[PDB]
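A lone chain, given as structure tokens: the form deposited in one PDB entry.
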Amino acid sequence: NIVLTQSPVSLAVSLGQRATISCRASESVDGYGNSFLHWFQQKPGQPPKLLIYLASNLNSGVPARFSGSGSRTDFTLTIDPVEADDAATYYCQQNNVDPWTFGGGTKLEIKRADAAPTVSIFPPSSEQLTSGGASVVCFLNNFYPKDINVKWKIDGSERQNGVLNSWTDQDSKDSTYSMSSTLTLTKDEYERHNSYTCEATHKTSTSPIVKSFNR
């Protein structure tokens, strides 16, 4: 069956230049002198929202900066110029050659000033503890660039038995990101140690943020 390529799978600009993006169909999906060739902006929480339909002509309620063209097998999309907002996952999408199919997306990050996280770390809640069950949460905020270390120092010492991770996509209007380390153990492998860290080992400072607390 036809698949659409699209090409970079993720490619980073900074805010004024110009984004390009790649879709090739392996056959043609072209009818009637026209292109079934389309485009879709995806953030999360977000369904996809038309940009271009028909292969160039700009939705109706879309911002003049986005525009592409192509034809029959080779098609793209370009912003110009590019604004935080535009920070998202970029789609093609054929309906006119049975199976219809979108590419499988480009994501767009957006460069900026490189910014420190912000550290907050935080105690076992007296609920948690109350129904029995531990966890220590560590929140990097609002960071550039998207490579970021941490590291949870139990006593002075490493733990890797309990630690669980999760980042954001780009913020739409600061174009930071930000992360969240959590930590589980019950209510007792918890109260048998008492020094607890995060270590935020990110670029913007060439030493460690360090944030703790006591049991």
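Think of the rigid core as the biggest set of C-alphas that the two forms share within 1.5 Å after superposition. Positions refer to the first chain, counted from 1. First, how it differs from the form deposited in another entry.
- The Cα shift for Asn194 between these two forms, taken after rigid core superposition, is 2 angstroms or larger.
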Given for the second form:
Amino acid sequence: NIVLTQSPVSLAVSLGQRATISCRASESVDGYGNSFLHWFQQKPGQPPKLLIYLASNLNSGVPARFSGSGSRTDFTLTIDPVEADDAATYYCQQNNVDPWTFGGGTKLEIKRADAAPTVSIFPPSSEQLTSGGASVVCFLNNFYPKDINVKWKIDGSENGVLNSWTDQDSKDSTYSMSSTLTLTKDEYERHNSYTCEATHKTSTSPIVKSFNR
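Instead of the form deposited in one PDB entry shown above, give the structure for the form deposited in another entry, please.
Lone chain follows.
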């Protein structure tokens, strides 16, 4: 009304290879011998960077691995060859028909070789113990692919955990994950050994980090 519809919803491209992302418009975005359809890249935490303007012109400062074709209701952004900085969502924008809209985005994921996670465990700070609480934290860092699992074991035995995942890294295409077990200073003080176990496609068996209070 207009509606822009991108395709596919998500794709996974190997470093070096070709990404192509479609944007169909509801009705023509043409005016004065020009397609008023523009491309954008957005990464988590930052705003969209203008990629391609008026369908085919590359914006100042933007690489040339990035190409924009198409004409009326039919547009294509091509990324060739894909490098690691390109993991991101891509939006098409139209600003010539009432009302202005963006497409629903396409999520470009880079493909790379399987990689095992660096795991690290951290006791609670004394600052936190000064007050009533004790948090223990594991970082599971720089692994591929995203899928992964964590287990917490206290004095051997398997509530209080909170999990967060990064988006694909923009230099090495990894994902990382953080995990943090939370307790009371008294309940933590009642036990000695503390352990998180990371399991992932990359190895048949779990990577294991631990310490004793």
